[PDB]
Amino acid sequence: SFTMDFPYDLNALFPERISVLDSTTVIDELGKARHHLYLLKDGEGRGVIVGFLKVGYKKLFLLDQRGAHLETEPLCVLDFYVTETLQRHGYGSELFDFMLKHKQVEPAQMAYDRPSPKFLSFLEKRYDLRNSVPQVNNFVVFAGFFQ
(Lines of atoms letter the chains of each structure in order from A and count residues from 1; the text may use other names and numbers.)
(Lines give C-alpha, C1' and ligand atoms only; values in the text may rest on other atoms or scores of the structure.)
Protein backbone atom coordinates (compact mmCIF):
# COMPACT_ATOMS: atom_id res chain seq x y z
CA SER A 1 0.00 0.00 0.00
CA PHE A 2 1.06 3.62 -0.52
CA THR A 3 0.00 7.27 -0.38
CA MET A 4 -0.58 9.63 -3.32
CA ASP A 5 -1.16 13.41 -3.41
CA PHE A 6 -1.52 15.31 -6.68
CA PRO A 7 -0.89 19.04 -6.82
CA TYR A 8 -3.79 20.89 -8.45
CA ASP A 9 -1.99 21.42 -11.76
CA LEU A 10 -0.40 17.99 -12.18
CA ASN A 11 -3.77 16.48 -11.28
CA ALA A 12 -5.60 18.32 -14.08
CA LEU A 13 -2.96 17.92 -16.79
CA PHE A 14 -2.63 14.19 -16.06
CA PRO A 15 -2.15 12.30 -19.35
CA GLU A 16 -4.87 9.79 -18.44
CA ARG A 17 -8.53 10.57 -17.88
CA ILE A 18 -9.33 8.83 -14.61
CA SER A 19 -12.40 8.91 -12.39
CA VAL A 20 -11.96 7.47 -8.89
CA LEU A 21 -15.09 6.18 -7.26
CA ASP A 22 -15.96 5.34 -3.66
CA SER A 23 -18.24 2.39 -2.91
CA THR A 24 -21.06 5.59 -5.05
CA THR A 25 -19.20 8.91 -4.89
CA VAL A 26 -16.10 10.34 -6.57
CA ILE A 27 -12.77 10.78 -4.75
CA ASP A 28 -10.78 12.41 -7.56
CA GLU A 29 -11.05 13.27 -11.25
CA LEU A 30 -7.70 13.33 -13.05
CA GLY A 31 -7.06 14.49 -16.60
CA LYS A 32 -9.80 17.07 -17.21
CA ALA A 33 -7.21 19.28 -18.95
CA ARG A 34 2.83 0.21 -26.52
CA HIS A 35 2.70 2.95 -23.87
CA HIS A 36 4.53 3.71 -20.62
CA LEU A 37 3.78 6.24 -17.88
CA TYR A 38 6.30 7.24 -15.23
CA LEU A 39 5.32 8.98 -11.98
CA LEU A 40 7.50 10.47 -9.23
CA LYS A 41 6.85 11.21 -5.54
CA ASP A 42 8.78 12.77 -2.65
CA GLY A 43 8.54 12.51 1.13
CA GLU A 44 7.45 16.10 1.76
CA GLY A 45 7.39 15.27 5.07
CA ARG A 46 3.85 14.39 4.01
CA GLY A 47 4.25 12.88 0.53
CA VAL A 48 3.40 14.38 -2.87
CA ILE A 49 3.48 13.50 -6.60
CA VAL A 50 5.66 16.04 -8.41
CA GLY A 51 6.04 14.90 -12.01
CA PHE A 52 4.93 12.53 -14.74
CA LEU A 53 6.38 11.37 -18.04
CA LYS A 54 4.50 9.42 -20.71
CA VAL A 55 6.35 7.85 -23.61
CA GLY A 56 5.04 5.56 -26.32
CA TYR A 57 5.51 4.32 -29.86
CA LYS A 58 3.77 6.09 -32.72
CA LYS A 59 3.84 5.73 -36.50
CA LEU A 60 5.18 9.02 -37.84
CA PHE A 61 5.58 10.47 -41.32
CA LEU A 62 8.68 12.64 -41.30
CA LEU A 63 10.99 14.63 -43.54
CA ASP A 64 14.69 13.79 -43.49
CA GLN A 65 17.56 16.28 -43.67
CA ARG A 66 16.83 16.97 -47.35
CA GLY A 67 13.04 16.75 -47.40
CA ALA A 68 12.67 13.13 -48.47
CA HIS A 69 9.51 11.62 -46.98
CA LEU A 70 9.64 8.54 -44.83
CA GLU A 71 7.73 6.54 -42.27
CA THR A 72 9.18 5.33 -38.98
CA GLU A 73 7.89 4.34 -35.55
CA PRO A 74 10.22 5.68 -32.81
CA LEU A 75 9.65 5.92 -29.08
CA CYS A 76 8.09 9.32 -28.46
CA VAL A 77 7.78 11.64 -25.50
CA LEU A 78 4.04 12.27 -25.43
CA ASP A 79 3.55 14.13 -22.14
CA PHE A 80 5.98 15.53 -19.58
CA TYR A 81 5.22 17.74 -16.59
CA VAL A 82 6.50 18.75 -13.17
CA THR A 83 4.18 20.58 -10.80
CA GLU A 84 5.10 24.21 -11.33
CA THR A 85 6.31 25.39 -7.91
CA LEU A 86 8.82 22.52 -7.95
CA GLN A 87 10.31 22.95 -11.43
CA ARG A 88 14.10 23.27 -11.86
CA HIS A 89 14.75 21.11 -8.80
CA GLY A 90 15.95 18.13 -10.84
CA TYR A 91 12.74 16.08 -10.81
CA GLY A 92 12.43 16.33 -14.59
CA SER A 93 15.95 14.98 -15.03
CA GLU A 94 15.15 12.15 -12.60
CA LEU A 95 12.12 10.89 -14.52
CA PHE A 96 13.82 11.29 -17.89
CA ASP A 97 17.06 9.50 -17.00
CA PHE A 98 15.15 6.55 -15.57
CA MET A 99 13.06 6.22 -18.72
CA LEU A 100 16.18 6.21 -20.89
CA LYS A 101 18.02 3.71 -18.69
CA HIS A 102 15.16 1.18 -18.65
CA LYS A 103 13.80 1.72 -22.16
CA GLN A 104 17.50 1.44 -23.02
CA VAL A 105 17.48 4.24 -25.59
CA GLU A 106 19.09 7.58 -26.38
CA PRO A 107 17.41 11.03 -26.54
CA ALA A 108 18.49 11.62 -30.15
CA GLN A 109 16.70 8.41 -31.16
CA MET A 110 13.35 9.68 -29.90
CA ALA A 111 10.68 11.91 -31.40
CA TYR A 112 9.23 14.69 -29.25
CA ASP A 113 5.56 15.58 -29.49
CA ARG A 114 5.01 19.33 -29.48
CA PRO A 115 7.77 20.31 -27.02
CA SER A 116 7.36 23.53 -25.06
CA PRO A 117 10.06 26.21 -24.60
CA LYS A 118 10.93 24.79 -21.18
CA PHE A 119 11.21 21.26 -22.57
CA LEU A 120 13.33 22.42 -25.50
CA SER A 121 15.71 24.23 -23.17
CA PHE A 122 15.71 21.09 -21.02
CA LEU A 123 16.63 18.87 -23.99
CA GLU A 124 19.20 21.33 -25.35
CA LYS A 125 21.08 22.06 -22.11
CA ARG A 126 20.87 18.63 -20.45
CA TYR A 127 21.30 16.35 -23.51
CA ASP A 128 22.98 18.67 -26.02
CA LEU A 129 20.19 18.16 -28.57
CA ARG A 130 20.43 21.37 -30.59
CA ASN A 131 20.17 20.63 -34.31
CA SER A 132 16.60 19.82 -35.27
CA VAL A 133 15.38 18.47 -38.60
CA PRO A 134 12.38 20.61 -39.65
CA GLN A 135 9.00 18.85 -39.56
CA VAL A 136 5.46 19.86 -40.47
CA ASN A 137 3.61 17.39 -38.22
CA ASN A 138 4.26 19.00 -34.83
CA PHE A 139 6.80 16.39 -33.73
CA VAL A 140 10.43 17.38 -33.21
CA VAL A 141 13.35 15.12 -34.11
CA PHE A 142 17.06 15.92 -33.97
CA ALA A 143 19.86 15.18 -36.42
CA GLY A 144 21.01 12.05 -34.58
CA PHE A 145 17.61 10.49 -35.22
CA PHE A 146 18.72 9.82 -38.80
CA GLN A 147 22.26 8.73 -37.86
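Residue numbers count along the first chain shown, from 1. Between two forms, the rigid core is defined as the largest C-alpha subset superposing within 1.5 Å. What changes on going to the form deposited in another entry:
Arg126 is not among the residues whose C-alpha shifts by 2 Å or more between the two forms once the rigid core is aligned; its shift stays under 2 Å.
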Given for the second form:
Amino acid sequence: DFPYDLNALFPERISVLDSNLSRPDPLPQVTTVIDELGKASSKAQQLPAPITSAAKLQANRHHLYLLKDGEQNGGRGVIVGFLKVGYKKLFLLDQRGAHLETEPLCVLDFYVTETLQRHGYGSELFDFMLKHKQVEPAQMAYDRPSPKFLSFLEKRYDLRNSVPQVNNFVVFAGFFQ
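Can you give me the structure for the form deposited in another entry, which would complement the form deposited in one PDB entry we have just seen?
Shown below: the chain alone.
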Protein backbone atom coordinates (compact mmCIF):
# COMPACT_ATOMS: atom_id res chain seq x y z
CA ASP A 1 0.00 0.00 0.00
CA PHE A 2 2.53 2.57 1.19
CA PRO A 3 5.23 3.74 -1.30
CA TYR A 4 8.79 2.72 -0.42
CA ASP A 5 11.18 5.28 1.00
CA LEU A 6 14.73 5.54 -0.32
CA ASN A 7 16.13 3.37 2.49
CA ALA A 8 13.94 0.40 1.55
CA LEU A 9 14.67 0.68 -2.16
CA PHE A 10 18.40 0.97 -1.50
CA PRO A 11 19.60 -0.28 1.92
CA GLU A 12 23.30 0.00 1.14
CA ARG A 13 25.46 3.09 0.62
CA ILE A 14 26.54 1.66 -2.73
CA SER A 15 23.88 -0.31 -4.59
CA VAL A 16 24.60 -2.58 -7.56
CA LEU A 17 21.62 -2.78 -9.94
CA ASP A 18 21.37 -5.41 -12.69
CA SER A 19 19.16 -6.02 -15.71
CA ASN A 20 16.62 -7.10 -13.13
CA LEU A 21 16.19 -3.70 -11.49
CA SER A 22 16.28 -4.38 -7.75
CA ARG A 23 4.01 -3.55 0.09
CA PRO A 24 3.98 -2.53 -3.54
CA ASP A 25 6.02 -3.46 -6.57
CA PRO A 26 9.22 -1.49 -6.19
CA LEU A 27 10.18 -1.58 -9.84
CA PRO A 28 8.07 1.38 -10.92
CA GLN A 29 9.91 3.38 -8.24
CA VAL A 30 13.39 2.09 -9.10
CA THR A 31 12.57 2.81 -12.74
CA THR A 32 11.83 6.47 -12.00
CA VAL A 33 15.01 7.16 -10.02
CA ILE A 34 17.12 5.59 -12.77
CA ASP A 35 15.44 7.56 -15.55
CA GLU A 36 15.69 10.80 -13.56
CA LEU A 37 19.40 10.28 -12.85
CA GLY A 38 19.90 9.40 -16.51
CA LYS A 39 18.34 12.66 -17.68
CA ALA A 40 20.38 14.60 -15.12
CA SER A 41 23.62 13.01 -16.31
CA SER A 42 22.62 13.53 -19.94
CA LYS A 43 21.78 17.19 -19.26
CA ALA A 44 25.00 17.88 -17.36
CA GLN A 45 26.75 16.86 -20.55
CA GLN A 46 25.29 18.43 -23.71
CA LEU A 47 23.66 15.21 -24.90
CA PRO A 48 20.52 15.04 -27.12
CA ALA A 49 18.93 12.20 -25.14
CA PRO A 50 19.84 10.27 -21.96
CA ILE A 51 22.22 7.35 -22.44
CA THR A 52 21.26 5.79 -19.14
CA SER A 53 17.78 4.60 -18.17
CA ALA A 54 15.79 1.81 -16.54
CA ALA A 55 14.80 0.56 -19.99
CA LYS A 56 18.34 0.57 -21.39
CA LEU A 57 19.70 -1.18 -18.29
CA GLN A 58 17.14 -3.96 -18.83
CA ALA A 59 18.42 -4.54 -22.36
CA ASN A 60 22.15 -4.65 -21.67
CA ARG A 61 24.56 -6.49 -19.42
CA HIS A 62 25.59 -3.30 -17.66
CA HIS A 63 26.12 -2.59 -13.98
CA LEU A 64 24.77 0.53 -12.34
CA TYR A 65 26.32 1.73 -9.10
CA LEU A 66 24.09 3.96 -7.00
CA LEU A 67 25.52 5.95 -4.11
CA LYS A 68 23.05 6.88 -1.39
CA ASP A 69 24.12 9.32 1.30
CA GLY A 70 22.22 8.05 4.32
CA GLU A 71 22.63 11.07 6.59
CA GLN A 72 21.07 13.66 4.28
CA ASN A 73 17.35 14.40 4.45
CA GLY A 74 16.59 13.64 8.10
CA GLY A 75 18.19 10.24 7.57
CA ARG A 76 15.96 9.08 4.71
CA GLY A 77 18.84 9.10 2.26
CA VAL A 78 19.58 10.85 -1.02
CA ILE A 79 21.06 9.64 -4.30
CA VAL A 80 24.24 11.65 -4.84
CA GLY A 81 25.28 9.99 -8.10
CA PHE A 82 25.84 6.84 -10.15
CA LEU A 83 28.41 5.01 -12.27
CA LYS A 84 27.45 2.75 -15.18
CA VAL A 85 29.78 0.04 -16.44
CA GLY A 86 29.66 -2.61 -19.17
CA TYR A 87 31.65 -4.58 -21.75
CA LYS A 88 31.67 -3.06 -25.23
CA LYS A 89 33.26 -4.84 -28.19
CA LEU A 90 35.75 -2.39 -29.64
CA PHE A 91 38.24 -2.03 -32.45
CA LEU A 92 40.87 0.10 -30.75
CA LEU A 93 43.94 1.49 -32.47
CA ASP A 94 47.20 0.66 -30.70
CA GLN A 95 50.18 3.00 -30.47
CA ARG A 96 51.16 2.02 -34.01
CA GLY A 97 47.77 2.73 -35.57
CA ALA A 98 46.71 -0.90 -35.94
CA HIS A 99 43.15 -1.80 -34.97
CA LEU A 100 42.92 -4.31 -32.02
CA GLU A 101 39.74 -6.35 -31.75
CA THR A 102 39.00 -6.49 -28.04
CA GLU A 103 36.16 -6.39 -25.52
CA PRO A 104 37.14 -4.41 -22.39
CA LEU A 105 35.08 -3.22 -19.44
CA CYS A 106 34.11 0.40 -20.13
CA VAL A 107 32.85 3.46 -18.30
CA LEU A 108 29.57 4.08 -20.11
CA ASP A 109 28.13 6.73 -17.80
CA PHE A 110 29.21 8.53 -14.65
CA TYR A 111 27.39 11.31 -12.83
CA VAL A 112 27.20 13.21 -9.57
CA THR A 113 24.88 16.15 -8.84
CA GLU A 114 26.05 19.54 -10.13
CA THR A 115 26.47 20.67 -6.54
CA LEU A 116 27.96 18.11 -4.15
CA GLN A 117 30.62 17.68 -6.85
CA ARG A 118 34.32 17.82 -6.01
CA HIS A 119 33.48 15.96 -2.84
CA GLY A 120 34.75 12.40 -2.31
CA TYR A 121 31.68 10.87 -3.97
CA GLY A 122 32.82 10.19 -7.54
CA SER A 123 36.09 8.80 -6.24
CA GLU A 124 34.22 6.50 -3.87
CA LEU A 125 31.92 5.23 -6.63
CA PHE A 126 34.92 4.55 -8.86
CA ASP A 127 36.91 2.91 -6.06
CA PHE A 128 33.98 0.60 -5.28
CA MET A 129 33.47 -0.72 -8.75
CA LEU A 130 37.12 -1.24 -9.21
CA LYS A 131 37.24 -3.61 -6.29
CA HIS A 132 33.91 -5.20 -7.24
CA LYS A 133 34.78 -5.68 -10.91
CA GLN A 134 38.35 -6.55 -9.93
CA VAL A 135 40.00 -4.41 -12.60
CA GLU A 136 42.52 -1.61 -13.03
CA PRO A 137 41.71 1.88 -14.39
CA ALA A 138 44.30 1.48 -17.16
CA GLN A 139 42.99 -1.83 -18.51
CA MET A 140 39.48 -0.47 -19.16
CA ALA A 141 38.11 1.91 -21.83
CA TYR A 142 36.09 5.12 -21.61
CA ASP A 143 33.15 6.10 -23.81
CA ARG A 144 33.53 9.78 -24.71
CA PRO A 145 34.92 10.96 -21.36
CA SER A 146 34.29 14.57 -20.40
CA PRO A 147 37.03 17.10 -19.53
CA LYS A 148 36.18 16.65 -15.85
CA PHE A 149 36.42 12.86 -16.05
CA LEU A 150 39.75 13.15 -17.85
CA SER A 151 40.86 15.46 -15.05
CA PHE A 152 39.44 12.90 -12.62
CA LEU A 153 41.29 10.01 -14.27
CA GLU A 154 44.63 11.82 -14.52
CA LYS A 155 44.74 12.92 -10.88
CA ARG A 156 43.41 9.71 -9.34
CA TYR A 157 45.10 7.01 -11.41
CA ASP A 158 47.87 8.82 -13.30
CA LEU A 159 46.17 8.24 -16.66
CA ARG A 160 47.61 10.97 -18.88
CA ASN A 161 48.84 10.05 -22.37
CA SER A 162 45.81 8.90 -24.37
CA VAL A 163 46.37 6.59 -27.34
CA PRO A 164 44.66 8.26 -30.36
CA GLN A 165 41.34 6.69 -31.40
CA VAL A 166 38.52 7.60 -33.80
CA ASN A 167 35.55 5.72 -32.32
CA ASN A 168 35.01 8.21 -29.48
CA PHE A 169 36.33 5.81 -26.85
CA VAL A 170 39.46 6.46 -24.79
CA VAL A 171 42.23 4.09 -23.75
CA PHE A 172 45.66 4.77 -22.24
CA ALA A 173 49.19 3.51 -22.91
CA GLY A 174 48.89 0.92 -20.15
CA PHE A 175 45.88 -0.64 -21.88
CA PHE A 176 48.26 -2.46 -24.23
CA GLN A 177 51.22 -3.00 -21.91
